[PDB]
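Single chain ahead, by itself, as structure tokens, in the form deposited without P-hydroxyacetophenone (AC6).
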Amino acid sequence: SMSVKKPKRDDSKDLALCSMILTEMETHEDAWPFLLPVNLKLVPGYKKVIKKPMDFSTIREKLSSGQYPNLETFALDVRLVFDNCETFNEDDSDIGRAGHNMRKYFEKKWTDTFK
């Protein structure tokens, strides 16, 4: 509360560390469905169904330009990519499997880097 603060957790390396995680996600072999924004002209249903599209290139640009206020907003956008994928794709599809694999990969790197 006012004039009562928990001890200051060191967040000065968070930007660098989120960038490293994001590089690892970008270079994973199963990243290909997620590298670029879904083409809303070419994919029927996407625009109406997926209210907040998100992709790794968009996260990279937001990261690079100070548009994440803290590491939790960064994780929310990463998780959005996989939540969108599960909304639109069957589990038993190449893309659906890719999304599960990537979410797992991310969540481990997240735990190991920060928790």
The other form holds:
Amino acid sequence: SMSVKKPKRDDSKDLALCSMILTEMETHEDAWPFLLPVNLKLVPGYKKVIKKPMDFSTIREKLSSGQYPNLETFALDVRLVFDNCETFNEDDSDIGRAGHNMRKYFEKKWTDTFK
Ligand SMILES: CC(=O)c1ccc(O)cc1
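Alternate state requested, the form solved in complex with P-hydroxyacetophenone (AC6) (shown: the form deposited without P-hydroxyacetophenone (AC6)):
The complete assembly is shown below, putting the previous chain first.
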């Protein structure tokens, strides 16, 4: 509260660490469904069903241009990619499995790096 400060985590390396994790995700062999925005004019149903589209190249642009206030907002966008994927794809489709694999990969890196 006012003039009563909680001890705060050192956040000075967060930008660099999130960039490193994003690089690891960008180069994973199962990243291919997520590298670019879904083409809303070629993919039936996507525009209407998925209210907040997100993809790795959009996350990279936002990280490079100071649009994440903190590391939690970055993780929210990464998780949005995989949440969208589950909404639109069967668990045992190629894209569906790819999403489950990539979420598992991300969450371990996140835990190992920050938690
Ligand atoms: C990411 C995703 O759900 C998706 C769906 C259909 C595509 O043709 C490409 C990507």
